[PDB]
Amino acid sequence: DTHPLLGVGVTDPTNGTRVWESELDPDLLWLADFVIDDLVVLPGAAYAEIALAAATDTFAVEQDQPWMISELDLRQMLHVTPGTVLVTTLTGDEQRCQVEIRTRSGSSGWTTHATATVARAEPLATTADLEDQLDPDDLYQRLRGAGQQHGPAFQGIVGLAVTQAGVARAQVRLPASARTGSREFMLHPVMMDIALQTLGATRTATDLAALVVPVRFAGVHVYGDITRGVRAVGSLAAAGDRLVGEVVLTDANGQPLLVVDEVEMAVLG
């Protein structure tokens, strides 16, 4: 009925700006399973869902996945505490619009956690690279001792390996404790996170370990219900000092469900 993360919306008449508000609570759905330094945090994947959910609620469209996310900047983490209120704005047209996502302090104070640009979706267009099998329980234990406390709902990497070139290949499910409310989302945050987790298994990321979290997306393309995905493939390079990656999520028939052109990564104390 109502989106659990975005909430209900009203268009301000003074300007074309549409404004949403929703109440977040750690006992909400599966938010409790995402934890950094013992703090329940809203995962960066979730801002993508909110942006897309916002665009779909403003404009009449006839499709299933009509939007791509041009850009998405993660400004500062959202410590999910009880009585957290999430305020979201949208401004633009059916071709291109900007979304801003915030926490609310009282009634007239806001802290913006992320900004996204949504636009009309673009339609989808044996070698010396052998795999070395890896234990998923090794990964979820490395970053569990580095701050990232992924719970049951976020432990979707069930098979993992990495090529000679350094690319990470993972087999992924959406865990049983995360398919409640799944139908509410266009781009299931938990699943997108699971796709993004693979980047932490690349040779680039592992040659560091502190943990390494996302801070920017560009070119998030959704071509279907990403929960139907089963194999995620992520590569992480380094250009400048910025860690820039790319991941691809494909269903059982190797069809792309989610494609993320860029993912800028960074370290966290």
Given for the second form:
There are 2 protein chains.
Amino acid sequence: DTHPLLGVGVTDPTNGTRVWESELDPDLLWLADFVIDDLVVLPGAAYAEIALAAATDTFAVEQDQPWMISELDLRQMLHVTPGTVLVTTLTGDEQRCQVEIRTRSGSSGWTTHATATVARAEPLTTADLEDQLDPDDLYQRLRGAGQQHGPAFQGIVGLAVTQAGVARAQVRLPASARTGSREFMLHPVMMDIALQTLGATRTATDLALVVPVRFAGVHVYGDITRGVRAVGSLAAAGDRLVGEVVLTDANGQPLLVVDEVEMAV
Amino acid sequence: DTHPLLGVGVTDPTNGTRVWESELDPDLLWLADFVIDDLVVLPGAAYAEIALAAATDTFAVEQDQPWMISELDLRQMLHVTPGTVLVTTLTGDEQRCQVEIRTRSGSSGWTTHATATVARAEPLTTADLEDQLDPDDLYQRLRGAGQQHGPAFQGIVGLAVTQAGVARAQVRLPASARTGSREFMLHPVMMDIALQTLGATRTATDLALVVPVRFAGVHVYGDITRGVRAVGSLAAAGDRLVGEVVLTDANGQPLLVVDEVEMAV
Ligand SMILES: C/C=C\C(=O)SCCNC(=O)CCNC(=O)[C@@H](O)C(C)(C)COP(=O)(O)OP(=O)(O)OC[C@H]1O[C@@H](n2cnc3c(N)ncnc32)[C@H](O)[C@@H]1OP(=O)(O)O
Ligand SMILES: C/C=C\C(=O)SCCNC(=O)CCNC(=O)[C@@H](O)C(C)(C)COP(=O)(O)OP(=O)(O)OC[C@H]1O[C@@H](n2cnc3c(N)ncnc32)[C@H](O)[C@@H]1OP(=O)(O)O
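Just the form solved without crotonyl coenzyme A (COO) so far, so send over the form solved in complex with crotonyl coenzyme A (COO).
First the chain shown before, then all remaining chains and molecules of the complex.
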């Protein structure tokens, strides 16, 4: 009945802050599947998940998706070592607040990995010739570079890129990531699975590893597990690879809208 | 392995504070035995206990009694209602800090009951004719006024007052309060049991209910369960009934030193 990533938390009466602590491990669920150069890093998507549940455990809301993510900076990666404790802090109001996700050293030393801003949620054909692409080349490309994705993250079963740069991918939630997923507000693997569609976009498909540093405008409208198609596009600005993905269900309705996915090497 | 009164706690990284939360109940151990006018109030002694364990769970010390209590204000009593949550906050350093003990309303409203100051611990015959007194008159007196003590708090098995005002009492730890006592740093019933020796002092024994508001200089040197004698004395200053008790073991060595026990109606 407890969120395996946020952990239980209490409120600090001296100020207005609220803290959360959670035990992390490479054995926790699908964490082992994300790997950057043989290390169990934490996927960027996860932070967004934790940032939302914090506002949910703090405020009373009678909606299935009352929160949207405004800004999401990611300062340093998190090596998931055994016995790692994850510390989260919330501060603000129900219209808008702030969330910091840090890692604890001993008991009085911490290292922040992601600062966030959360607010209330908002309301909901010419020459794009697709060249059918093999996913096991991307995965291989991605893995080759140094991003050995795990089975639970191999959700792209089919994908192609248009003659303009936009990438279209048929995604699904593999069963290994389906274990213990009702506790989430926004699955962290899907959101990554939606993000890795940027590996097929034109600007990406000529650099022969890219990591997402900052997000902006992450909108959730429905349970994102019911998603089968993601449309990925990105541009560049020197070192500013800005992106934009959208995850939609069978009937074309939107589920996940990510306005800006600024990336870097 | 967890303190039943302090509860588990986590550290707030936004500031330097550390919070603790604990479930309280009238069914918890000997809590039901303390009663003020048919209500399960929390005994003053308990706060001192919680204030010490907070500094112990916060700082590394290789001593059996490294902390002493400097000041202990008690603002409002705590009606122990079922499902009551107790909130404790620590702030300061290992040489000297501050502790607040409050009660939580819902999740974001609190009421402080006792502020405290804690610091490092310090190093360790003429006309006093005693008139042997019956404890079951004091208890009756005390109960009569409106302080129906419980069995676990009936530790005074023999007491007398000298021809000057000082009260001497042979105290013991009843078995009903002996259940689950290794978890404490300073038993809260004993300290009360040492305090109720002030009910035999001269200034007290002519008012025919007194409550302790503020303490000062509470020194602990040993496990206070091994105590068999308490020497109680107090004076008055209008509404300022200042006291002083000391709990000693069999071989006369001191165990509990309370410099000031300012009381009021
Ligand atoms: C996908 C793989 C893993 C994941 O899923 S996690 C995804 C997100 N998390 C990450 O792994 C990225 C974490 N960090 C990085 O990789 C990124 O840092 C990075 C390693 C790229 C880039 O290194 P920097 O630390 O320099 O980048 P910053 O995050 O500090 O911000 C960019 C820029 O702004 C400046 N900046 C930003 N914030 C601050 C502050 N606070 N103070 C001073 N200066 C600042 C800083 O000088 C930086 O200079 P350059 O990056 O060299 O251009
Ligand atoms: C033994 C029975 C139960 C126990 O074991 S618990 C033992 C300790 N706990 C208690 O039950 C006592 C709790 N409270 C009381 O009983 C005590 O209040 C009391 C009910 C007596 C006395 O009432 P007060 O609230 O007035 O007393 P204070 O604690 O506020 O302090 C004394 C005095 O200083 C002033 N004061 C002190 N702190 C403040 C602040 N912060 N702001 C403004 N003014 C303040 C205040 O005006 C007070 O005026 P009087 O008491 O009327 O003389």
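Shifts are known only where both forms have a C-alpha. For the two forms, the rigid core is made up of the largest set of C-alpha atoms that agree within 1.5 Å on superposition. Residue numbers count along the first chain shown, from 1.
Engineer: After the core is superposed, which of these residues, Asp27, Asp241, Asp38, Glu62, moves its CA 2 Å or more between the two forms?
Structural biologist: The one that shifts is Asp241.
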